[PDB]
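> Let the hints inform the model, and build the full structure from the sequences given.
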Amino acid sequence: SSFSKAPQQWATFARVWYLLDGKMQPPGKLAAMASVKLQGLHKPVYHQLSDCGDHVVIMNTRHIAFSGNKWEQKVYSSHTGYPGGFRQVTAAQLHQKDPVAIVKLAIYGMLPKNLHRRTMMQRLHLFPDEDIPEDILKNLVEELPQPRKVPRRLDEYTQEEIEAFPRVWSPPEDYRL
Amino acid sequence: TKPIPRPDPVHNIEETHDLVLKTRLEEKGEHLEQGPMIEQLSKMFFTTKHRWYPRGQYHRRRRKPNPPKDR
Amino acid sequence: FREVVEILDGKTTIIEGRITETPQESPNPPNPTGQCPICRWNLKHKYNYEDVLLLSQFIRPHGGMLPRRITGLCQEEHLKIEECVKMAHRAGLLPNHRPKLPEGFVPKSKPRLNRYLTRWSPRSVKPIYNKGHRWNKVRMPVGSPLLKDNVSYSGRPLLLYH
Amino acid sequence: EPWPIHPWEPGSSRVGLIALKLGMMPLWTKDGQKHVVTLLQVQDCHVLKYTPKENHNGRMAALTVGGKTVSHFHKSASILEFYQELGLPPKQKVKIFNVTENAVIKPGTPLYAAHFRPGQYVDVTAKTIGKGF
Amino acid sequence: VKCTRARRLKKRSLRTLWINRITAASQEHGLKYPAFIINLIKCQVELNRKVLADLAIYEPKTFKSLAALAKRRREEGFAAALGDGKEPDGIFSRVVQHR
Amino acid sequence: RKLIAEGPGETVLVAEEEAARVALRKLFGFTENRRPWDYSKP
Amino acid sequence: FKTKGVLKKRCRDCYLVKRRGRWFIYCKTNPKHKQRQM
Amino acid sequence: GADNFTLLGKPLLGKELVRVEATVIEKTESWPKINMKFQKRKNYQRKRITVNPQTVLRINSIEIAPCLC
RNA sequence: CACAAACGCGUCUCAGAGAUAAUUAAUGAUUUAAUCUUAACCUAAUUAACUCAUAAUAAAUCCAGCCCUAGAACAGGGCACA
Ligand SMILES: [K+]
Ligand SMILES: [Mg+2]
Ligand SMILES: [Mg+2]
Ligand SMILES: [Mg+2]
Ligand SMILES: [Mg+2]
Ligand SMILES: [Zn+2]
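If you're matching them up, the sequences are chains BR, Br, Bh, BM, BY, Bt, Bl and BZ in order.
Residues in the first sequence are numbered consecutively from 2, following the deposited numbering.
Residues in the second sequence are numbered consecutively from 72, following the deposited numbering.
Residues in the third sequence are numbered consecutively from 35, following the deposited numbering.
Residues in the fourth sequence are numbered consecutively from 83, following the deposited numbering.
Residues in the fifth sequence are numbered consecutively from 51, following the deposited numbering.
Residues in the sixth sequence are numbered consecutively from 278, following the deposited numbering.
Residues in the seventh sequence are numbered consecutively from 63, following the deposited numbering.
Residues in the eighth sequence are numbered consecutively from 141, following the deposited numbering.
Among the clues, some could well be false.
As the list claims (entries may be wrong) - Straight-line Cα separation of at most 30 Å, DSBU-like style, residue types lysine-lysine; simulated pairs:
no.	chain 1	residue 1	chain 2	residue 2
1	BR	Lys150	BY	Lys61
2	Bl	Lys70	Bh	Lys80
3	BR	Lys75	Bh	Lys144
4	Bl	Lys94	Bh	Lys160
5	Br	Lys93	BR	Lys6
6	BZ	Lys167	Bt	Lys318
Derived by calculation from the structure, the hints in this document are not laboratory data.
See below:
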């Protein structure tokens, strides 16, 4: 690139901020791509000893969509240490109290279990809604695509689509709906 | 491409305190204790606070004075 | 379609039924020799809970499902359609098929938790406090076994229990 | 030139005081029962500083109240400088009170024991007697 | 003792490191590592994972061509299966045997 | 409206000078892709 | 109720019904026929 | 390859297309590498030192012929 | 109770909201009846935990010496009018 030695090294090991929307996206699929960016497993210059790592900003974390009945079946448990201090909280209850706890715990368990996990979690920014400080917004570079295609409801289909889809059956005229 | 933000600290860089006296380069300092200092740097560089503390004489002395250099 | 009208006119009640024009089946189906409507249009093993345009033709205006006798579906497909409609309602789709109750919409509650592919009902599942190790693991169901016969373009079997 | 005064509203909280505990006395009621009362004296009570609602808790404003007068010669440089700007002698103990926005008082306003009318139920917070190890 | 055992693991660890760099540089072009390798071997390009990692870092343009080559070869394989199987081998899928 | 050089840097002022450095290196035929110096027998 | 393993109808008026993820034998004439699957 | 083009082989490039020449500099021996095997509480230790001969090459020039079908 | 204190046998104070399990009831479809629904929407009566409102904590950088209802040491509160 004919760069000088100093600016060439700075450009290669630059930090990049990413934006990742969370509107109706499962936290597991949200954490899978977020874990890669935090570690730096997307840079061909990756190495665990090096401090390569990218900030990730996740917005709309109150609107995550757990698949199946995991809102009532999955539980998050912790112990305060004192006797009789074992607390088990359902996924729905935890999300009702701390909006970003579901996503943060999902990522916190997927990163490597070394001592760098504490360091690389500090680069993760979570926001319940689209209320981001202007300082954070000016740092962003690009937005990652949503991992799950959000299905559209019946009222979101245009009248052209409704007429295009064939009518499968012919109901009788004398039936009362 | 967007135009270069040249005059961003236009007044911050060059501010005249008054037109009767010469400007003063008084860099005020607080010199916070080790406690508040580390938590200021950790928030500044988006790191933890455990690596900003110094180390003992044993680890300092065993570092190589002249590490090999390539290129 | 027929509708019932009940009118009160001075201590006299009049009940009458009126016939409303009904949309008919499309003229040319790809498979005219089929028996039930699903396999007549080559829709066998090709629909899921997302296909609202299909599931909105075998349901009542207030969220219920039409009987198998009227529609003509085979028993195997009728249960699959019944399962998809239940999953569609819980997923948040079909918002105009809920009954209208003016008194109940004003007292809002905790915001709805987005969900999809819910096999059971929200009020009938108990938390898994004691999950268990890998040799005896309580797996949370997702989707329904009735939809395991759908075509898989990837080729990997669908993971129903996870 | 005090701050504007608003009429009472439901759910409003008032400002407390800092008092000095003198001792105990016996007191009798009209039914013949005997009660013990503790004499709490307010010596020097002035509101010191006012913190906005969004800078302290986000729900209720904070009003700072000082204790009895102490000597200037044994306080910190910052503490003496803070009182010099307001124009009051140094205080012994300083506490933070949670007060709603409709009951804010301009700093430097003196407070008296008449702030409490007889018949009311009040709380008391202070360091208990230390018995060592 | 730890010196010799780590020496055996030195070759394994570096091989694992190269695959992560190849996967990272392949995902940047929208192509997974399993698809990038098998569809490059079908083009009779015998490059080990060591030099592919080096091309990924110091040759961003060339690694794109190899990634572009793999994607074109992969899209030809699917076309043959989708057809009757009697389609003449693709312009890039033709096998050249040296003898 | 034609790109001739581009340079990174910590700040805009430092990066802009590096952009001129790349432009001068390309104009003077002293890039890093230049033909290596010939050492064969004349 | 009577928590039992297998549900059987003791009289012809007992009707099966699935509530809260379990099958319940509800009877109107004889309340003693109420059974609950475990 | 170069900045603007790159040539791939299947799996090798012909000798008439690209010529690469290298010059031998040093024919030396590697540093002493230690290979030891040990088994617990069986009194078995084997220590041997390996000195692998090595050669250092200098690559001088890479030339591309303009013959290409 | 032979210290200016400690102490009990003596005196004082002790709380709102959410949320639930079994169970009970309304509306209603697969099954145009009926039916509390691992059918949908809305809604009702309802164990204890638990969570929270709320309350406590809050001043960076006088400190040699003396006093102290502060204290093992180290700390802490007083030393202007007393
Ligand atoms: K039923
Ligand atoms: Mg004491
Ligand atoms: Mg009915
Ligand atoms: Mg609290
Ligand atoms: Mg002191
Ligand atoms: Zn019965």
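> Check whether the Cα positions of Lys150(BR) and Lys61(BY) lie no farther apart than 30 Å.
violated (42 Å)
> Would the pair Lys167(BZ) and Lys318(Bt) pass a check requiring their Cα atoms to be no farther apart than 30 Å?
holds (25 Å)
> Tell me if the straight-line CA distance from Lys94(Bl) to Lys160(Bh) falls inside 30 Å.
Holds, because 28 Å separates the two Cα atoms, which is no more than 30 Å.
> Holds or violated: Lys70(Bl) with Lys80(Bh), Cα cutoff 30 Å?
violated (40 Å)
> Is the straight-line distance between the alpha-carbon of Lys75(BR) and that of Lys144(Bh) 30 Å or less?
Between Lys75(BR) and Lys144(Bh) the Cα gap is close to 19 Å, so the pair holds against 30 Å.
> Hey, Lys93(Br) versus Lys6(BR), does the alpha-carbon distance stay inside 30 Å?
Distance of about 41 Å is beyond 30 Å: violated.
Going down the numbered hints, you'll see the structure goes against 1, 2, 5, while the others check out.
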